[PDB]
Structure formats: C-alpha cells, structure tokens
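Engineer: Single-letter residue listing:
Protein chains: 6
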Amino acid sequence: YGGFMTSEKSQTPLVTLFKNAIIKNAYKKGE
Amino acid sequence: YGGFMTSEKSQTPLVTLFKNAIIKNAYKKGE
Amino acid sequence: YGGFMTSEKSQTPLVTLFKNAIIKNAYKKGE
Amino acid sequence: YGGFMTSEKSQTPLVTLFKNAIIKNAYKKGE
Amino acid sequence: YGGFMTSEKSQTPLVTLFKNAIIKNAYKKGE
Amino acid sequence: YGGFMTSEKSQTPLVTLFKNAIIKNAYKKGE
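Chains as they are written, first to last, in this note's numbering: chain L, 1 to 31; chain D, 1 to 31; chain F, 1 to 31; chain G, 1 to 31; chain R, 1 to 31; chain X, 1 to 31.
Just so you know, the hints here were simulated from the structure itself, not pulled from any lab data.
Note that the Cβ used here is the ideal one computed from N, Cα and C, for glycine as well.
It cannot be assumed that every hint is accurate.
[As the list claims (entries may be wrong)] Under the rule of at most 27 angstroms between Cα atoms (straight-line distance), these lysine-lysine pairs were calculated in the DSSO-like manner:
1) R/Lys19 <-> R/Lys9
2) F/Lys24 <-> X/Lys29
3) X/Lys24 <-> R/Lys29
4) D/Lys29 <-> G/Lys24
5) R/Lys29 <-> L/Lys9
6) X/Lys19 <-> X/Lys9
7) G/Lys9 <-> G/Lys19
8) D/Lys19 <-> D/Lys9
9) F/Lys9 <-> L/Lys9
10) R/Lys29 <-> F/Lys29
11) L/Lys9 <-> L/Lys19
12) L/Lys29 <-> G/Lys24
13) L/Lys24 <-> X/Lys24
14) L/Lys9 <-> G/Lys9
15) L/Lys24 <-> X/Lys28
16) F/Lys28 <-> G/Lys28
17) F/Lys19 <-> F/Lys9
18) R/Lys19 <-> F/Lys29
19) R/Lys24 <-> G/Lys29
20) D/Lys29 <-> R/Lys24
21) X/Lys19 <-> R/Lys19
[What the hints assert, rightly or not] Stretch-level coverage of chain F by chain G, calculated; a stretch enters the list once three of its residues show a Cβ under 8 angstroms from a Cβ in chain G:
22) 1-13
23) 17-26
Next up, chain L with everything else stripped away, as it sits in the complex:
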C-alpha cells in the first residue's frame, strides 16, 4: 500500500504504465 494503488488482476503478463509518477510525502510521520 501507499501512494497510487495499482490493483490489476489478470492471469497474463500485464504491465503497469506509470508515467510522471511523483511521490510527495506519500507517507506521513505517523504513517
């Protein structure tokens, strides 16, 4: 878990197309 949640369910060789991915403090102090 964290930031963008990419949940892809498939019984085949898929691929996660992530472009311009910017993580700005995805996780805070407490969590």
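We have chain L; now place chains D, F, G, R and X onto it with these hints.
Structural biologist: Just chains D, F, G, R and X, lined up with the frame of chain L:
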C-alpha cells in the same frame, strides 16, 4: 490501498494508464 | 480502497485512464 | 470503495476516463 | 509498501513499466 | 519498502522495467 484505487478485474494482459500521478500526503499520521 | 474507486469488471485487457490524478490527504489520521 | 465509485460491468476492454481527479480527505479519521 | 503501489497479480512473466519515477520524501520522519 | 513499491506476483522469470529512477530523500530522518 492508498491514493487512487485502481481495481481492474480481467483474465487478460491489461495495463494501468497512470499519467500526471501526484501523491500529496496520500497517508496521514494516524494512517 | 482509497481516493478514487475504479471498479472495472471485464474479461478483457482493459486500461485505467487516470489523468491529472492528485491525492490530497486521501487517508486521514484514523484512516 | 472510497471517493468516486466507478462500477462498470462489461465483458469487454473498457476504460475509466478520470480527469481532474482530486482527492480531498477521501477518508476521514474513523474511516 | 511506499510511494507508488504496484500490485500486479498474474501467473506469467510480466513487467513494471515505471518511467519518470520521482521519489520526493516518500517516507516521512515517523514513517 | 521504500520509494516506488513494485509488487509483481508471477510464477515466471519477470523483469522490473525501471527507467529515469530518481530517489529524492526516499527516507526521511525518523524513517
């Protein structure tokens, strides 16, 4: 879980098209 | 779960078109 | 679940058109 | 967990397409 | 955990395609 929830159910090689993805404090202190 | 809920049910290679995705405190302290 | 609920039921390669998606405290403390 | 969450479930040799990946304080002090 | 989370579940010789990977303070003081 977290940020954008991408739930894709398919028995084929799909792909998550994520553009301009910006995570701003997706997770707070407590969670 | 979290932020935008993308529930796509299909027996084919689909794709999640997410543009200008901005996560602003998607998850609070408690949750 | 969370934020915008996108429930699309189809036996074909669809696509979730999400533009200007802004998650502002989609999840509160309790939940 | 951390930053962008890439959850890909498939019984085949897939691949994570991560471009322009930028981690800006993915993890805060507390976490 | 840390920075970009690449979770790929497959019973085959896959590969993580990471391009333009930039880690900017992936881990803060506390963590």
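Engineer: Can the restraint linking D/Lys19 and D/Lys9 be considered satisfied, given a maximum Cα separation of 27 angstroms?
Structural biologist: Satisfied, since the Cα-Cα distance of roughly 20 angstroms is no more than 27 angstroms.
Engineer: Quickly compare the C-alpha distance for G/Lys9 and G/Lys19 to 27 angstroms and report which way the hint goes.
Structural biologist: Holds, at roughly 20 angstroms.
Engineer: Straight-line Cα separation of L/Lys9 and G/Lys9 no greater than 27 angstroms?
Structural biologist: holds (15 angstroms)
Engineer: Cut-off 8 angstroms, C-beta pairs, minimum 3 residues; does the coverage of the region 17-26 of chain F by chain G stand?
Structural biologist: With 10 residues in contact (Cβ-Cβ under 8 angstroms with chain G), the coverage given for the region 17-26 of chain F holds.
Engineer: Compare the distance between the alpha carbons of L/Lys9 and L/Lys19 with 27 angstroms, and conclude whether the hinted pair is satisfied.
Structural biologist: Satisfied, since the Cα-Cα distance of roughly 20 angstroms is no more than 27 angstroms.
Engineer: Would the pair R/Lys19 and F/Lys29 pass a check requiring their Cα atoms to be no farther apart than 27 angstroms?
Structural biologist: violated (31 angstroms)
Engineer: Holds or violated: F/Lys28 with G/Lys28, Cα cutoff 27 angstroms?
Structural biologist: At roughly 5 angstroms apart (the allowed maximum being 27 angstroms), G/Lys28 and F/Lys28 satisfy the hint.
Engineer: Is the hinted pair L/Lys24 and X/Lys24 satisfied, with a Cα-Cα distance of at most 27 angstroms?
Structural biologist: Holds. L/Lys24 to X/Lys24 sits at ~10 angstroms (cutoff 27 angstroms).
Engineer: Checking one constraint from the list: CA of L/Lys24 to CA of X/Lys28, max 27 angstroms. Satisfied?
Structural biologist: holds (12 angstroms)
Engineer: Quick one, are R/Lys29 and F/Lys29 close enough, alpha carbons at most 27 angstroms?
Structural biologist: With Cα atoms ~15 angstroms apart, R/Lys29 and F/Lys29 stay inside 27 angstroms; holds.
Engineer: Given the hinted pair D/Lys29 and R/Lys24, is their Cα-Cα distance within 27 angstroms?
Structural biologist: The given pair, whose Cα atoms are some 17 angstroms apart, holds under the 27 angstroms limit.
Engineer: Could you grab the alpha-carbon distance between D/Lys29 and G/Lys24 and see if it respects the 27 angstroms cut-off?
Structural biologist: holds (16 angstroms)
Checked against the numbered hints listed earlier, the structure breaks hints 5 and 18; every other hint is satisfied.
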